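Sharing a structure below in structure tokens format, with a few things to ask.
Missing here: one protein chain of the complex. Every other protein chain is in place.
The chains carry the letters A and B, assigned in the order they are written, with residues numbered from 1 in each.
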Amino acid sequence: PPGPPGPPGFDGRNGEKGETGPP
Amino acid sequence: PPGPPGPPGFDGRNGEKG
Partner (left out) sequence: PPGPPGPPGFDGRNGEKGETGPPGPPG
């Protein structure tokens, strides 16, 4: 019989800080 | 037979606005 579903994937890394605004 | 694939992870959260 078919087995059960595989383990869930991991979520991706959070994107990196937005860049500073200019003066 | 081996089961179906695990579900995909979610894409990462976006970066905070500057």
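Throughout what follows, a residue touches a chain if its C-beta (ideal position, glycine included) is under 8 Å from a C-beta of that chain, and two chains touch if they have at least 3 such contacts.
**Q** Even though one chain is hidden, which residues of chain A still touch it in the full complex?
**A** Touch with the absent chain occurs at residues 1-23.
**Q** Identify the residues of chain B touching the omitted chain, counting contacts across the whole complex.
**A** 1-18
Everything below uses one rule, namely that only the chains that are shown with their structure count from here on.
**Q** So what's the Cα centroid distance for chain A and chain B, whole Å?
**A** Those two chain centres are 5 Å apart.
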